[PDB]
Amino acid sequence: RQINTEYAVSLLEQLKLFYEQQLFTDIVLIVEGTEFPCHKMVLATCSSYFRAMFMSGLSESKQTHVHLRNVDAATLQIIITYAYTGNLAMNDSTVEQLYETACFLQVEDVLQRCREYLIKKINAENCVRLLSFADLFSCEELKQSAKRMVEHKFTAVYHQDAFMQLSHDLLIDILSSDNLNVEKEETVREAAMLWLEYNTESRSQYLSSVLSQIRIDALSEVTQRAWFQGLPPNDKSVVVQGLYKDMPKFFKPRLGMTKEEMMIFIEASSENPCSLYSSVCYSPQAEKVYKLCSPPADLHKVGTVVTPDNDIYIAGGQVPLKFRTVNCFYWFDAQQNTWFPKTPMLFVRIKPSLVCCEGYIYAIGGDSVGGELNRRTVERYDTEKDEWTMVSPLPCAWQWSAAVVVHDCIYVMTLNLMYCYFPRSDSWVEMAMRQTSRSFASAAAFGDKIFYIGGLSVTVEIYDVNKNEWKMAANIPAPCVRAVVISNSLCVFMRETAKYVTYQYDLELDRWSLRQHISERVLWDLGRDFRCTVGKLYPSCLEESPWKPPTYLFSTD
Amino acid sequence: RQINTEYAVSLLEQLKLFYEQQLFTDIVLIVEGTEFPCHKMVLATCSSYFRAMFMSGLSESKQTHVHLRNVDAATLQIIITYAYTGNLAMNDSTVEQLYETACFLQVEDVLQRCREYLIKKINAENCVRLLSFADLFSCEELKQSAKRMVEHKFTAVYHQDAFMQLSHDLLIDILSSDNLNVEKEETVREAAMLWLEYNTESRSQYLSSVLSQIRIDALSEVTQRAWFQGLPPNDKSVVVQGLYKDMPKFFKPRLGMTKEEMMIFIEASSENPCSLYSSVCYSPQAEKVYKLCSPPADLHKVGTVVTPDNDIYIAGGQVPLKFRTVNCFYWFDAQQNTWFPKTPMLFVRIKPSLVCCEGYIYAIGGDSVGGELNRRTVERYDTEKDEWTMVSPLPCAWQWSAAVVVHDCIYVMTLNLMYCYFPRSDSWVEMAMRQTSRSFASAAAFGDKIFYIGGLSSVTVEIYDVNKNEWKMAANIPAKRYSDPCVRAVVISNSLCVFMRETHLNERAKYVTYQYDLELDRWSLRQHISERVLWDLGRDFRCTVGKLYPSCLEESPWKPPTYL
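Chains as they are written, first to last, in the authors' numbering: chain P, 7 to 328, 344 to 477, 496 to 517, 523 to 541, 547 to 606; chain N, 7 to 328, 344 to 477, 495 to 602.
Keep in mind that a hint or two might mislead.
[What the hints assert, rightly or not] Below are the DSSO-like pairs computed for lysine-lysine, each with C-alpha atoms no more than 30 Å apart in a straight line: (1) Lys22(P) with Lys68(N); (2) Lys159(N) with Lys258(N); (3) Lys159(N) with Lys68(P); (4) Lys258(N) with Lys328(P).
These are calculated hints, taken from the structure and not from any lab test.
With these hints in hand, go ahead and build the complete structure from the sequences.
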């Protein structure tokens, strides 16, 4: 019928065998003294540059020796190896030079592969360098991705040396963007100052363009501090999602002045049957719920973890049988409301205990008991390296266990025992046991004390990290509880099968005070298996969908 | 790392794009005046001949114009097309010329594909021509396959013009081979006589080699008729598997002489835990059960057919879904005991009523597919053309119907009706209706009478006349009361018979065959099937009549005798 694949792979392997023994070599490429015999047809079919050079009919198609300059020998070898096979060795050490050589040779396949690899490899350490690279080589997709990454973590990357060596257009397009994740304009002002003072003799003429991009007369959230905070309870968030929108974009409050602390509920049951495992985030300050497009592959049984840098991650879980367990790792883009996948895990897990410790995210347990040494395995992920490293596994196989982090130390709790992990020692130490044997309990690290609340019957058990002793505090004022720390205060979001209400606990007085009721106006039944956490998100452009009539039960009579 | 092919499939089509627009043309091949610009690199990777002529470093690698002689321009274009795409578009008209061009250029890929294509193409017309073609080009695989086909139908292909033009070496191995399917030694003698008189001036010196290969003092089966037939009942068959088992191979009876009519049972139960649908045959003369291999590889619910030319085929069926219906079609080899495959059907089928009429095989019924479109699916197959064609469907959709052939007419029967198909008109004509409504019955043909026996079964026997178009009752199968006989009508020794497997209350299966009296309208006890062999075969077994090689098939009864 058409091109047969069975002969195609045989012809390709025969061409490779002929190239290895140097048969029918008609062209000789000279790169910085090194010689490479090759065929003109393969280079023409793979690279359009060689195609145009050979189809011109000039001496280049007649002379056997062609001198190629400004081309690395290793990159040319990788291009030619790929030209005779199809496997691309893309590593983080030589990806930029490979992309440069490909764009100089115009290999569409290699160009696209290197582009997508660089896009899936943008971290918080190379974002600025990759942005400069994309600007120099005019790659719009990589440029936009790196710009978004810089806008997401500007306050963390504006100290790097790559930021002070940026061009003028990059500076004026980064500073003018309203997506700068900064809590104060003073940070952007000091960034511009250090950029202009890095090289004064060449940037003394750009001081006007520098000062014209920093908002000085904005006065975003200081004007509210001048008059008063007099409003309905914590209605400063309404001004955030109101004044910001309607703004000439010159005095606009930057995106960093818009993030609000919201209770992130994932796998929260939804009235809509299609998405019975949806995810919504109720803002305690704005008193409003915001819809999330959280499920990237309509799956569930995934854990939640919020780093101190306010980053959301989900891992583990299983997709419906097209319920096969998977390894995908998803990071949430708080600006685009879309999860970008990462390097999959090494072992499949179901609701893994994900906690952030010393910049690493650890996957603890969260899987059905299979194999003595095969289970209880613990694995951590490197953020910048995008890799998974195995660590000392769990001492014993547990179920429905929780994990917290205090003082850069890992803690996992079980029925009545407790083990503390130290990354510096990579070992497990059994700690003070608990007087009660309970399951399905929720735990949240607050200050120097770990709170263990649950049991499936509620009892507030306080552990001291400094004393290694467990002391009883009280009971949850009531049961489906979710202990979460918000507003620098320990709280418990309890669901009374459904009624919703949040309580505040006093550590000194050992008393639980009513903090705020969550009227059934919105926040419908979220089920019982939903995972909860605390994080700051931009309500400005997250999602807007009430979905719930705040009034019902007509009283006309 | 792992070599990807998304780049190979793109590099290949990019090379074709340059070949069509004639870029990088470094060599021009001249064949009978026609020019064919191509690349020296591509021809070397496909053909080892060009690889040798280009890597020699001589003027052939430096001169752009190369004159290739004795090469067809049409076949060369196909070879070049294959080198740039990989799809070989072969046909029965230019396969022998393409193989000659391929072997002259020594293309391992084209030669292998053209070799297997010719093997699956050997019919009852090209066998002799392909045999001389294989010897001329020294293809040991095609030569052996073509030779076995000549030995199978030697009595039907020795009249072709290709047989008298065979070489001397091609004759000495055919006549000396003991696989000649001939009923009498005179056929081989006359076949050798017509060969030497075809060209006397060039074969007058080979008259001694011709007579030295034909067995004259053999006297295979003319000796048994001389003395007498005095033996246990029809034990002339035990002598067949005895004289041909020990002889100097010069006076051996040829394979054709070694033949026995056996009741072929396909999809029968197995004594040992094995294929639930096994295939075994019973020789009523040798009183021996032979085992048949099943290359179908666990086919289920298949049909059977035996042509008047003693050819066996199976079609349709279902295979266990790794059950799914397929359109497979296999031909049985009477000598190699295999089941070669043949051009599949157009539609998948289950137990089709396969019948042979005027040399054509027809697949009737067979697992109606697409009830909305049509249910009465039927199609014919040309053995020589190896092609399937749709024909006039049945007038109505029925189930568990039978099909027979009488006087070159295709008769299909149903619950109470019967339709006659005429291939000369390609239409269906309703015939006389049956008086009793019966299903799952057996059908048979003998002389001018069609027998629709069995069915609900019962012992009722219906005799239909083609010349009178009338259905009438004649007699009832004499069986024991309260028994459950699953009968199968079979015609053997030019006489209608019924292979009746009787299973009684608390008793094992009993097999027995009776003979019907046409003039007296009676059923006579013909032969009791020994229970020391022929173990239980179930009820869904298919049966037919055919001749096989007792000399060579697979003699393995095993069934342990003298029990209790």
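Tested hints:
no. : hint                     : in the structure
1   : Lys22(P) with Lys68(N)   : holds, 24 Å
2   : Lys159(N) with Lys258(N) : holds, 19 Å
3   : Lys159(N) with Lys68(P)  : violated, 62 Å
4   : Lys258(N) with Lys328(P) : violated, 65 Å
The structure does not agree with the numbered hints 3 and 4 stated previously, though it agrees with the rest.
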